[PDB]
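Let's start with one chain on its own, the form deposited without the ligand, as structure tokens.
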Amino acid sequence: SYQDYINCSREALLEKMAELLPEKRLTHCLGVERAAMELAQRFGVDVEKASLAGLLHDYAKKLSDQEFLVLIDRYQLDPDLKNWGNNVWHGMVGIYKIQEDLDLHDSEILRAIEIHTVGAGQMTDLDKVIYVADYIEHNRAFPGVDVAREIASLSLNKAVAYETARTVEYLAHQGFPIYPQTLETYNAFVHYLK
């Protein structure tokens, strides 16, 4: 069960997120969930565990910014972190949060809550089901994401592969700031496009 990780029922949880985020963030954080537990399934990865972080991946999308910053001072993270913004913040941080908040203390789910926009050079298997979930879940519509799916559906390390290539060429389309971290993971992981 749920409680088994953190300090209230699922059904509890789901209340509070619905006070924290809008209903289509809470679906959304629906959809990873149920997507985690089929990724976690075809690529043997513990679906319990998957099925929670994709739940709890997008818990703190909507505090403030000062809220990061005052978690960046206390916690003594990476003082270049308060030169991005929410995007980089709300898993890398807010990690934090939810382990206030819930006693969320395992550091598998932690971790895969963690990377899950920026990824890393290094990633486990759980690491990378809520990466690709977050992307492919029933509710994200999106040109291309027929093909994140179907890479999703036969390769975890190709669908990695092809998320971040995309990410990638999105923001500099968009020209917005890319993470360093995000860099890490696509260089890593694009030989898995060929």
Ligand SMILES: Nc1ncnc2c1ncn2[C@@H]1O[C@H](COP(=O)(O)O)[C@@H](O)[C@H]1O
Second form
There are 2 protein chains.
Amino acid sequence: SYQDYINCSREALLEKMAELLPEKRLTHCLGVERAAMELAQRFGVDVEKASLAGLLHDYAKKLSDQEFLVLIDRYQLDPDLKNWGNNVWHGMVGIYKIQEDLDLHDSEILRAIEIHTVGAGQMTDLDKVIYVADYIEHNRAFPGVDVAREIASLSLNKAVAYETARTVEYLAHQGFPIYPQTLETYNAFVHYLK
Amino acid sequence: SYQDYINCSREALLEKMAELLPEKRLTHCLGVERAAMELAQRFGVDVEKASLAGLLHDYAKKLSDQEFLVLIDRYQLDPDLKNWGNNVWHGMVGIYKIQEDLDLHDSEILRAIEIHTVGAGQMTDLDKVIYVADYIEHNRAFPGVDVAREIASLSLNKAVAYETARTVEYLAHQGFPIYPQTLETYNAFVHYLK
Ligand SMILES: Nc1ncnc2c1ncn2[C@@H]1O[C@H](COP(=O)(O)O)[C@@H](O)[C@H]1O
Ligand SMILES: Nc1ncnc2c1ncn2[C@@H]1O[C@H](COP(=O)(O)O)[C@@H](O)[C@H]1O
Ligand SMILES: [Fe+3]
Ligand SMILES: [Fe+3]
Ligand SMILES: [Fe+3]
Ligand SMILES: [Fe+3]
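I have the form deposited without the ligand already, so could you send the form solved in complex with the ligand?
Entire complex below, previous chain first.
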């Protein structure tokens, strides 16, 4: 059960999360919970760790800038993080909030949530499941989600590669800064597209 | 004159370059020579340094992999360079060939050619002129070259930002690895797009 990892039940979590997040964000988290489960089954990942990471992944999505900044200092994280924003922080810093609120200490789940947005050059299979589940969960309908879904049905590595290539492409298309760890992911996984 | 910087005349250079490169690549270099001159005038860069860098920028475009690898060892360059290819090498490594063949020692011209493909987080105005001239020279006709040209008529910084955003976008669109120094450029210049 989830109580094996956090300090409350799935139901109590859901109640807590419904306070912290708007409907759409919570529905998305439930989406990722389900998608992570199906991917974990297909690729030999502990389904329960995947489900819980999936549900928790955007837990900290609505922390203010101020709170993230507070968290950066308190946990003495990379000072460069202050030069960034919510996109980077909700996973990379938001893990400290999750740890505070829910007494989550499992290093594998924490890592999966940590790098769900930006990935890393080295990802565990759990990491990859969350990173992909987030992209392909059943409520998303961006153009090309069907291609992501087909790729994720066959290869987790190729799904990571595809998602990261489309993110780098969209960020550059939009003229947004690209967190350098995302490029690390991109360059590690890009060979899989072939 | 060019003899102020290299060991032969412009004419003798052109003869030498016509041997080293196919017509299209040489025509391109002449294109960049002219474009660099016009940009140097507009933005307060020494027109002669700009012209010469522009003409020399793709001098080493057809060195073999083997020669680049030879050059990496001899000049004891970043060993990571071996993990890459022509795109990165012709500027970043090709400067050593140019120095060998033409006795070019001016640090400013060398730097401009060095990073003409990938840029850097810090670029001199000469660097920027070459980086942009390469993109907008009169023989290019890629879709959007007209937008690049208009931007380069008004702002060198914005021209750098635009070119780099389109390169990052195209590399990700194509599924090619992205040399991490290119992202350095992208993230330094991207604010200029606003
Ligand atoms: N390296 C990055 N730098 C900045 N934003 C990013 C990066 N990678 C992903 N994002 C964006 O962060 C937002 C949240 O992503 P996600 O956590 O995957 O839903 C999305 O709009 C992504 O485009
Ligand atoms: N960071 C990079 N990594 C790999 N290739 C690149 C990078 N930046 C530019 N290129 C490519 O290298 C080629 C030569 O570029 P240029 O020297 O600007 O004509 C072009 O096809 C560019 O798309
Ligand atoms: Fe997220
Ligand atoms: Fe999400
Ligand atoms: Fe070039
Ligand atoms: Fe060129």
